[PDB]
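Novice: Letter by letter, the chains look like this.
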Amino acid sequence: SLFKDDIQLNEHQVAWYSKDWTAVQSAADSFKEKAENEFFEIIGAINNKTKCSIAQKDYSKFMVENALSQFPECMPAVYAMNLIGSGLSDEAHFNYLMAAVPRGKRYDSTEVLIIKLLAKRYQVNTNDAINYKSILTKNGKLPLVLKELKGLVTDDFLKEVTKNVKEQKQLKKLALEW
Amino acid sequence: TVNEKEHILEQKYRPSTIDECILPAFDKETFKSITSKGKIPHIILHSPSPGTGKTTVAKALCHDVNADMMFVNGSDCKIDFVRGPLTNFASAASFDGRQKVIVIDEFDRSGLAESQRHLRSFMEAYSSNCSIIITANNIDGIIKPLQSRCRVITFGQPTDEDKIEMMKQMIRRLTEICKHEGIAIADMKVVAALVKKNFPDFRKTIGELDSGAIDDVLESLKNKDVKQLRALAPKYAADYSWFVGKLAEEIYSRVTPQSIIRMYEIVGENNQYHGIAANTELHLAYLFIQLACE
Amino acid sequence: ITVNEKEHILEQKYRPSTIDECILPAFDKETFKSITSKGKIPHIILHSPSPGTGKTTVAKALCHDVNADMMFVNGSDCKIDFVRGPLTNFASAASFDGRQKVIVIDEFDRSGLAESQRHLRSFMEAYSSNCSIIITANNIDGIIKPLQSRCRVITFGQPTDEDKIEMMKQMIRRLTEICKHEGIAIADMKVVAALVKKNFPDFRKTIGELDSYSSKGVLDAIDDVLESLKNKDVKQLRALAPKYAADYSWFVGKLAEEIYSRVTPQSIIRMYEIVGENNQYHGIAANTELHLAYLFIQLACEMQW
Amino acid sequence: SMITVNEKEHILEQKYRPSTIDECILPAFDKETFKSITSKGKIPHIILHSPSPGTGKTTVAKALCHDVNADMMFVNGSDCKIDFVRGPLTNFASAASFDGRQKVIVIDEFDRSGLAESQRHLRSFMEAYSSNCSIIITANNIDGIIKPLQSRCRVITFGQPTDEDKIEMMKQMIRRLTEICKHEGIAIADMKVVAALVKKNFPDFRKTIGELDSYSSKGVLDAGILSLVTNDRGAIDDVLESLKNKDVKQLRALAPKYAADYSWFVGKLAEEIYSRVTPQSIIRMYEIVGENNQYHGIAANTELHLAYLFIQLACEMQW
Amino acid sequence: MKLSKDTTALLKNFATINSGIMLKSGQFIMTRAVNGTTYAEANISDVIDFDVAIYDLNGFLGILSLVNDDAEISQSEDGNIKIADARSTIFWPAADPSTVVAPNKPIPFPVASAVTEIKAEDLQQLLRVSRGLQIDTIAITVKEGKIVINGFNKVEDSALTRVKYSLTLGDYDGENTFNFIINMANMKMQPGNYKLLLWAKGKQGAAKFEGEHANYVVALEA
Amino acid sequence: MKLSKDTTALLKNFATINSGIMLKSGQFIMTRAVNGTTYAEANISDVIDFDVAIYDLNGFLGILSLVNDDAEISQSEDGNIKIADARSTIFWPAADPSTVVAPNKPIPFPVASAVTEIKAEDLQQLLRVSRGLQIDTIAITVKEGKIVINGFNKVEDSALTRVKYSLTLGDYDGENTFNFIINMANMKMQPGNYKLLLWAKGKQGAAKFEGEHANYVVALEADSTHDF
Amino acid sequence: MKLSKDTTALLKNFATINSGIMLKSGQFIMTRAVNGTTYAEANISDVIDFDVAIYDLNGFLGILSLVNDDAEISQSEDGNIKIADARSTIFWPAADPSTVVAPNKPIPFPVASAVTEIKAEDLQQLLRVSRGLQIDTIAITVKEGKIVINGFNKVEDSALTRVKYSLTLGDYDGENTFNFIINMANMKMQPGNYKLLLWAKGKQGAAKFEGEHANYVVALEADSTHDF
DNA sequence: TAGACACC
DNA sequence: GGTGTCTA
Ligand SMILES: Nc1ncnc2c1ncn2[C@@H]1O[C@H](COP(=O)(O)OP(=O)(O)O)[C@@H](O)[C@H]1O
Ligand SMILES: [Mg+2]
Ligand SMILES: [Mg+2]
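Which chain is which? The protein sequence lines are C, B, E, W, G, U and X, in order. If you read the first sequence in the working numbering, its first letter stands for residue 1, the second for the next number, and so on. If you read the second sequence in the working numbering, its first letter stands for residue 179, the second for the next number, and so on. If you read the third sequence in the working numbering, its first letter stands for residue 473, the second for the next number, and so on. If you read the fourth sequence in the working numbering, its first letter stands for residue 778, the second for the next number, and so on. If you read the fifth sequence in the working numbering, its first letter stands for residue 1097, the second for the next number, and so on. If you read the sixth sequence in the working numbering, its first letter stands for residue 1319, the second for the next number, and so on. If you read the seventh sequence in the working numbering, its first letter stands for residue 1547, the second for the next number, and so on.
Keep in mind that a hint or two might mislead.
[Claimed, not checked] Derived pair list, reagent style DMTMM-like, types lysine to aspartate or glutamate, alpha-carbon separation capped at 25 angstroms: (1) B:210 - B:242; (2) C:163 - B:258; (3) C:51 - E:729; (4) C:32 - E:579; (5) U:1400 - U:1414; (6) G:1178 - X:1717; (7) C:173 - G:1232; (8) W:976 - E:761; (9) G:1250 - C:11; (10) E:485 - W:904; (11) X:1741 - W:876; (12) B:424 - B:393; (13) X:1665 - X:1552; (14) B:402 - C:11; (15) G:1215 - G:1232; (16) C:57 - E:578; (17) E:688 - W:876; (18) E:485 - X:1769; (19) X:1749 - X:1703; (20) W:1034 - W:1093.
[Stated by the list, open to error] If you want a taste of the chain B side facing chain C, the calculated C-beta under 7 angstroms gives, among others: (21) 248; (22) 253; (23) 273; (24) 275; (25) 283; (26) 284; (27) 385; (28) 388; (29) 452; (30) 455; (31) 457; (32) 460; (33) 464.
Bear in mind the hints are in silico, worked out from the structure with no lab data behind them. Just so it is clear, CB atoms sit at the ideal spot from N, CA and C, and this is done for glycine as well.
Please model the entire structure based on the sequences and the hints provided.
Specialist: Right, here's the structure in full:
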């Protein structure tokens, strides 16, 4: 591009050939299945009783547990996995549910910022800090405190919130609508 | 005393000193007793009834001793956080030579178990410069060797004398802030009907002005529906130990004699296994269905 | 029959060189000649799953038979750093002459290797024109879905009763020739076909046992617990418990793993309640050795398979 | 004299560490299988694994080397991260010695979980220079050594002797404890206290010499000290007898006696009730005791929780 | 052939544009970023006496600097590279041309749309500051009758609204507005003074930095 | 404003005490470690002409050194910092004051309990040796009629019994014993010569190093003993 | 004792062979890699006046370089090491001899099997090139009547078939073939010129580099082959 | 400095 | 989830 009649060179060639590894690294990353699609992929197997394995997959004991608890027919097994579920292999806790719940069919970040924000300013727990968001959003509407306390957003502070570009998106969001 | 800038009444009116707090007879004197010596030992302040404002007493004892004070949300006190900030704080002698006091609020959060054990050698490590004040809803969430290096002080059972006198204190205080905040007093039985409505929890009653009943659940169990119950469960996940007590209490009267023998097996068994149960919110859901059925 | 001399283990030292010298089922053998004739090797994943069938052996020989320039890399070894440096180096580093470049990546189904897998799916888009990839797997699910796209995955195993009959024969005859070079003696020829039967699938297993027995230059694991639970006895279990007291967290993991396959579907739901409850209360339990005994009995009672 | 003395050591379980393979107390076969090795002069790749500490693993490793006049590299297995294996251990397996001394790397306590990669890196490395240098691994838990490694080694397993072997070793250990007392100026009043140490903690010959150090406080083992050794792991007879008699008053009273160490007691109990009771009651005694043991530490009152066990047992146990 | 300290200086630079290179017998070397966004060309004082592709040019150059200057690079018996020292001989791999990206021909640069110059220490400040302010894109544009360069951090500012850096090259005679954006990642020029020739036809664009030692063409957009 | 090479020298040092700074118009700069254990103050030859908080002071200073000395720092149109060079313009962010830690006021230092001095190359040896011997705590104390500094490694020696390093500052006239312990982590002073002013009242204590360029007050550790 | 800049130069080098050292009173120092694969010995101009074991020899040397040259090292009152400067005193720990690996004695080197020499700048090229080509093993062997060194990368080439580097030391008179393999990781000699004495008996082998400042013996790998 | 692995 | 360790 600046050489007209170049050949083709897909995303992957350009990466690997030039040796910037962030593109290669991102080139690897793009191929992998979307987290949300995996979480859906799994829940349906237990349910509709179809094949799949994990360990090729991201697994939240919570998610399956929660998502499952939805149908009162599942609830007995969700319980056992609840009391007992600790220290079972993510893989085991998978196979319990599999041969356990018989039939089938099936059908915060931003707030965390606000909250861990509020507790740090007033030196209080994450418990009142919920009640503090409440007492404001209703009353006083609290963009007005979101105004004083936009002040402390420091870059270091973002890392305790979340681990990714999702954080610097927030950086601005709160520099914004108040 | 006001902090005339701050944005929240409980925060703007927080009693600065140890008298200005609304408390039990035996309790105020015990606390006077402590600050009297001008140096604070290791303390566990434990509730368990909420909104009695543990962290307020604490923030106070520090003020009466004129101590430099580091605050930590208990949720936030993690192993490494104790290793640097606290140790950074705990270690240095203060130019002004007050006592450094670490207040750790609500240390009965969960995986903090390990930071608790790190602290056993610590507390003996800096005794001159430093003391810790732990704030717990349930003591059994403070590990026993920590309980041992600490004064366990255990809050309040207002005497009937406390009751009345505290009550007058809560009216003349609440009166005084509606003053400063320029809010209108239309009736003086509406003030005192707040001081009564939620009594031992004043931090609560002031949070009402800045704007429970088990009825919602009791009603959903009769109706035997899930959507409502499933939703109500996470509401009470917070204090299960309190809620489960209130539940057995009001379901006992409202249900058949044969169902009383069963409601106890169900709730007893559930209560019994809480703390084993991974997800407490779900474990509570499991109770609700079990109950609506039987 | 080929010998790589200077090799210690017989399984390393007798390593079928050509897709012909490999002992294989009907379709499987025709399949690889099918390939070795076209003189070029596509992107492949051979997966067994039952071990010792000859994955890594067919892989290396497919290179041979086409006179490849081969780069042989084990999967535990093919690392975020290796894929970028040597692998890339070889692909883009130029061999003159004929030889075709092929990168045999062995046992690439390994827990932490999934990033090294993605990085290669992209690699394949990058370098495929100038080389070709053969990955080897015990469990294909150890491989990301996208490598299972641009790779032809041929599945080993299951020789027909005809093939069984005629493969046994080749491993028996092939066992004679090893022992001829080795100076090992065959006292009974029914005892050699006792081993070609005993573990039949497993062609790699048969050769380690053979080394073991030549001690006198002639021919004649959770297993211990898994076996004692079937037998449902106590004396054995009671004794095995203290053995594993040391790492309970590891052992209890391996146990649920292998009992899951070996037991009935109804017993799976139970084995989890039993083991889950036990694991759950370890660290409460005073005597961990006994608490483990308590598990074993509980299991022998309720498990059936 | 008849006992090696490191003499730079006060700690005494180590002052007395055997220098050779004969001075080692081991099962009959493993001693001959080790004698066999040292005679030939070239040592194979060995794993010596306990699990229970104190059985001779790291003593035997050092002795094999002594006896062969090996050129020995002793190495803390925890320190073997992969770089150390590529570096100094390779530099050594490769080197040509020349004193004409067989090279041995002893990797002590090599059973760590995350040294898994250093382990995979040895499986190539062990074959490559097996001509030049042999590796002795010591471990408490063998599953922490990868299969491909076990497979490259003779795995000799300590601490499970035959009853015939067990007897001979306890005779030799007693004999040893003596010879060690002799040299330490400890007077032996009753010999019963010395055999009680050997039996009390048997598999482990470290604690066994450790307990002995513990008791010389008054430099005598008199019956007054023999009285001591009986008590710690002592007779469960009083309870065993009260369970047969199926009475409560006795049991109720015996419970608070053992509240102290429940973890030890409950172990001794299952041990002796197993033999003395019916086969059907064995399956039950385990459910009962297992369930009890399992919930100790949840239980508020441990003394009562023990009472609850006793009744439960007297009811369901038959003999 | 032998390579002077100046040629290897140059070649090290080109290595930053593209990790490999294709050297052809003659006095002329050239390379292009794999992505085609930056191109460099130079005449050299030494004469290259054989065609060779080098896969890791940085590695090759490091090796060179470990030998004497008289070290005689020649084609290897088997075709790879042979660096021959007084007492020593090193062997470096020739690369399959099909694995290394080279430009086809030097295409003449179109007569410039705009012309300015950039001083050696200003180009230096720009690069240096760039790492510190995190400026990943720059814009050669017109302001107040002068040619300026404006740096932006495109991750934090998508539109290029907030200007973190500005440098004034010289006044601008014409009446045309042009906002020429360049990717910092593509400014690979060795430090020195450069005639700066900007050119654009519609969505197409390129900038040619013409220095004493070499030339660099680098893609824009407008 | 413009900043001389001396001012930025100073400022870089303060940056080691605290990553940010609050600069106020005038000839006076100051900072304190976030943890309050070390405080620095200096008069400067340049005049700061506007209030500004800088979040990363080290980054800001790096940028400065990339511009000519005449480069004119001013308030930006939108409020941030504008560094204006001959041909170039740089923009650095002003920080919300509520995010950067500052001392309230410069509290006068109490008349000294003890006075001594430390020579520039001795303070250097002390710092340098300190990384090598692993001395993480030092004690200014009295021995044989002289003021000495003793280094200790507190991880390996809890009581400060084994003295790894000793440096002799000068003789001591008074009769008082004082063992003043300081945390190496808090000796941030830029190299040079310092009047050393020790002060203590009971469990309280502080040491003020007074240099030509600036002053540093640093807290004495809990274990400190003395009869002052 | 006092240590000159040359002695500490030497000592820093030995420190690369083994992290500790055992110094004995006399003019002779020596060390050996813990794995026994490389041994060094040197006569020094300074006289060592007391036996001492040093656990981190690199650390010790770093400290030294922070004192004047006249700094007088002596035995500490409590036995550790005392480095005494004009105005300052440093204390470095003596180590339990049982924790530091030392060679037993200096065993005489067998009369050489082969003798050659290596020039200071050739030894340097070899080391330097070695990092760049990734040559982890070298072979001193015979080719065309001359002693050459051949480097190989043993990870990518197991057999030592492909030769990445070759250096010609000098012609070879004898008729013997010897292929003497050395592990690069074991060439620790300080740069300089060395008489090179090769020796082998069967599977045994060692190479002694004999320099002006010191000597180094280093093991030939098990795969070395010969006619001796 | 992350992610993989392992144990609460 | 937290904490620790190791390899990259
Ligand atoms: N199908 C086979 N034919 C001949 N030999 C085999 C076969 N399978 C295994 N072997 C023996 O085992 C060795 C290695 O086998 P490999 O193919 O690695 O086993 P796996 O199936 O687990 O990959 C070979 O050198 C060979 O002697
Ligand atoms: Mg294989
Ligand atoms: Mg041991």
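Novice: So, for every hint listed, does it hold in this structure?
Specialist: Verification of the supplied hints:
1. B:210 - B:242: Judged against 25 angstroms, a Cα distance of about 9 angstroms means the pair holds.
2. C:163 - B:258: Holds: residue 163 (chain C) and residue 258 (chain B) sit about 18 angstroms apart, inside 25 angstroms.
3. C:51 - E:729: Holds: residue 51 (chain C) and residue 729 (chain E) sit about 18 angstroms apart, inside 25 angstroms.
4. C:32 - E:579: Answer holds: residue 32 (chain C) to residue 579 (chain E) is near 20 angstroms, not above 25 angstroms.
5. U:1400 - U:1414: Cα-Cα ~16 angstroms, so holds.
6. G:1178 - X:1717: This hinted pair holds, its Cα atoms lying about 23 angstroms apart.
7. C:173 - G:1232: holds (22 angstroms)
8. W:976 - E:761: holds (20 angstroms)
9. G:1250 - C:11: holds (21 angstroms)
10. E:485 - W:904: holds (13 angstroms)
11. X:1741 - W:876: holds (23 angstroms)
12. B:424 - B:393: holds (11 angstroms)
13. X:1665 - X:1552: Since the Cα atoms of residue 1665 (chain X) and residue 1552 (chain X) sit roughly 21 angstroms apart, the hinted pair holds (cutoff 25 angstroms).
14. B:402 - C:11: Not satisfied, since the Cα-Cα distance of roughly 58 angstroms exceeds 25 angstroms.
15. G:1215 - G:1232: holds (21 angstroms)
16. C:57 - E:578: With a Cα-Cα distance of about 22 angstroms, the restraint between residue 57 (chain C) and residue 578 (chain E) holds, given a limit of 25 angstroms.
17. E:688 - W:876: Given pair residue 688 (chain E), residue 876 (chain W) is violated - Cα atoms ~33 angstroms apart, limit 25 angstroms.
18. E:485 - X:1769: holds (20 angstroms)
19. X:1749 - X:1703: holds (23 angstroms)
20. W:1034 - W:1093: holds (23 angstroms)
21. 248: Violated - the Cβ of residue 248 (chain B) stays beyond 7 angstroms from chain C, reaching only about 10 angstroms at its closest.
22. 253: It holds, given that the least Cβ distance between residue 253 (chain B) and chain C is near 5 angstroms, below 7 angstroms.
23. 273: Since chain C brings no Cβ nearer than about 22 angstroms to residue 273 (chain B), farther than 7 angstroms, the hint is violated.
24. 275: violated (23 angstroms)
25. 283: holds (5 angstroms)
26. 284: holds (5 angstroms)
27. 385: Constraint on residue 385 (chain B) satisfied, holds at 6 angstroms.
28. 388: For residue 388 (chain B), the interface hint holds, since the closest Cβ of chain C sits about 5 angstroms away, which is under 7 angstroms.
29. 452: This interface hint is violated because 9 angstroms lies over the 7 angstroms limit.
30. 455: holds (5 angstroms)
31. 457: holds (5 angstroms)
32. 460: holds (5 angstroms)
33. 464: Status holds, d = 5 angstroms.
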